[PDB]
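Shown below, as C-alpha cells, is a lone chain in the form deposited without this ligand; questions about how it binds or moves come after it.
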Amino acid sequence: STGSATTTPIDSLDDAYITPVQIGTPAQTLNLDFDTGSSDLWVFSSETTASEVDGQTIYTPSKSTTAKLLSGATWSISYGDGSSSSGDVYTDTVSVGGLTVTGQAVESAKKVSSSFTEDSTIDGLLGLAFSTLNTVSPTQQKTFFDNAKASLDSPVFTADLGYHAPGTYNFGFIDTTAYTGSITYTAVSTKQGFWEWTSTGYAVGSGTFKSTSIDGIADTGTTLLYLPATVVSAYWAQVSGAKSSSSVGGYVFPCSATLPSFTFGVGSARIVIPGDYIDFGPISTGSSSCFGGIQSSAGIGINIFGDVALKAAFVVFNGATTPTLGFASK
C-alpha cells in the first residue's frame, strides 16, 4: 500500500503545516500537524474542555462506529515550546492520503494549553518520531507510521514541504519526480526517539563551507532551524543590523535587509536554504524589526532541523530495520 496527502501552510509565514486525516466511520476529517519530533496522534475532541476549543474541528468518538475506548489508557505530553495536552484514548480507523490503519490509537484531548486553543487551524498532531516516545500509559501505543509499515510497499515516508506553498507527505514510496539530482542518505540514531542525524557542516551565503559535525533532529513540527550559537552568530554577522534580542527571544534583523542563504551538509552533499526562507517577518504588526528563521539551540539541549531547513529539501524518513534519513535538493 501507499498514501499521498497534501500538506498546507497554516499562515503566510509557514509557521506550521496541516494535512487532512480521516478518522472513524463515517470519516471525520481533521487537519493535523504531522510532527516528526513526537510520537502521539492526538486530536481536539468532544471531550476537550469547551473553553479550550476555539474554532478547531473536533473528533467525536461516539459518532464513529469503529471507535473503541482503550480502557484505562491516558496520555499527557509537553512540547519543546512549552505547550501541552492530555486526555484519554480510543482506537479507530485512521486514513492518510488513501492509506488506512485499523486500530490506531487516537488520543482524545481533555485539556490543551493556550497555544493550541489560540491556533484554530490545527485540530491535533500526528507524531512520526519513534514509538518509544509515545506517552500513552500504561500501554505505550504505536505511531501511524509504525502501524502502517508492514503494509507499505517500502517502509518509508517522505516530507516535501513547500515555501509559502503546499507540499506533500507520501507513505510507502519515493516519488522520483519530486526532487533533483540524487538522494544522499545519512545515519540515524534512535537513542532519544528522534530522527537524529549528524550534518557535516555549513556555509553562510557564498562563503566557504565549514566542515564540522552538527548532531540534530529532523523535526517537521518545529518551525525554525535551531543550531549551535557559534553557527548562528556566524550567519547573523553577515546581516547589517542583526542582533540577538533577549526581549524578543532571539535574533532579529532589519526588515530592509536581504538575507544570505544558509547551506548545510548531508554527507558530501549540500542543501541550500535560500535567504528568503529565513525571513519570519515583523516581530509585531507594523514593526521594522523582523524575526530570524535561524536561532540558537543553546537553551534547548538539541539542535533542530525544523521546517526552515526541511522545506529546502525532499526528505526521506527510512524506517527500515536500520533507519536512515535521505535528503535531496528540489
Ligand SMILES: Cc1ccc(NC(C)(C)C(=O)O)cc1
Given for the second form:
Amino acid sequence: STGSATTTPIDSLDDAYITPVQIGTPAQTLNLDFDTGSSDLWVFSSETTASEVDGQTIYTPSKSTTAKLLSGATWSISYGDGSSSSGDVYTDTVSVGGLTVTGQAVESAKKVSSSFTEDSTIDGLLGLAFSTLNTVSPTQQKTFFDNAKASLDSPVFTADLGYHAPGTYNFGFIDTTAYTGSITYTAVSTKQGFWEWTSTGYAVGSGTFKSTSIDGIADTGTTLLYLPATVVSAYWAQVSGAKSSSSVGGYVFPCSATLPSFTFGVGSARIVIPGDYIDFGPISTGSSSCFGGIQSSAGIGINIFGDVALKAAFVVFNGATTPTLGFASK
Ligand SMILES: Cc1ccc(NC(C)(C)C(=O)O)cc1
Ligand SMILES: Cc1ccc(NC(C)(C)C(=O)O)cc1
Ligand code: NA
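Since the structure above is the form deposited without this ligand, I would like to see how the form solved in complex with this ligand looks, so please show that one next.
Below: every chain and molecule of the assembly, starting with the one above.
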C-alpha cells in the first residue's frame, strides 16, 4: 500500500502545516499537524472541555460505527513550547492520503492548553516519532506509521514541506520526481525516541564550510532551526543590527535586512536554506524588528532541525529495521 497527502501551511509564516486525515466511519476529516518529534495521534473531540474549543473541527466517536473505547487507557503529553493536552483513547479506522489503518489509537482530548485552543487551524497532532515515546497508559500504543508498516510497499515516509506553499507527505514510496540530484542517507539513533542524527557542519552565506558534528532531531512539528549558541552567533553576526533579545525571546534583526543563506551538512552533501526562509517577520504587528528563524538550542537540551531546515529538502524517514534519514535538495 501507499498514501499521499498534501500538507498546507497554517499561515503566511509557515508556522506549522496541516494535513487532512480521515477518522471513523463515515469519515470525519480533521486537519492534523504531522509531528516527527512526537508519537501520539490526538484530536480535539466531543469530549474536549467546551471552553477549550474555539473553531477546531472535532472528532465525535459516538458517530463512528468503527470507534471503540480503549477501556482504561489515558494519555497526557507536554511539548517543547510547554503546551499540553490529555484525555482518553478510542481505536478507530484512520486514513491518510488513501492509506488506511484499522485499529489505530485515536487519543481524544479532554483538556488542551491555551496554545492549542487559540489555534483554530489545528485539529490535533499525528505523531511520527518512534512509538517508544507514545504516552498512552497503561498500554503504550503505536503510531500511524508503525501500524501501517505491515503493509507499505517500502517502510518509509517522506516529508516535502513547502516554503509559503503546500507540500506533500508520502507513505510507502519515494517520489523520484520530487527532488533533484541524489538522496544522502545518514544514521539515526532511536535511543531518545526521535529521528536523531548528526549533521557534518555548516556554512553561513558564501562562507567556508565548518566541519563539526551537530547532533539533533528532524522535527516537522517545530517551526524553527535550533542549533548550538556558537553556530547561531556566527550566523547572526553576518546580519547588521541583529541581536539576541531576552525580552523578545531570541535573535531579532532589522526588517530592512537581507538575510544570508545557511548551509547544513548531511554526510558529504549540503542542504542550503535560503535567507528568505529565515525570516519570520515582525515581532509584533507593524514592528521594524523581525524574528529570526535560526535560534539557540541552549537550555532546550537538544538541537532541532525544524521546518526552517526541513522545507529546504526532500526528507526520507526510513523506518526499516535499522532506521536512517535521507536528504535531497529540491
Ligand atoms: C497549536 C499548536 C501548534 C504547535 C504546538 N507546538 C508543538 C507541536 C506542540 C510542539 O511540539 O512544540 C503547540 C500548539
Ligand atoms: C562535541 C562537539 C560537537 C560540535 C562542536 N562544535 C560546535 C560548538 C557545534 C561549533 O560551533 O562548531 C563542539 C563540540
Ligand atoms: Na514566536
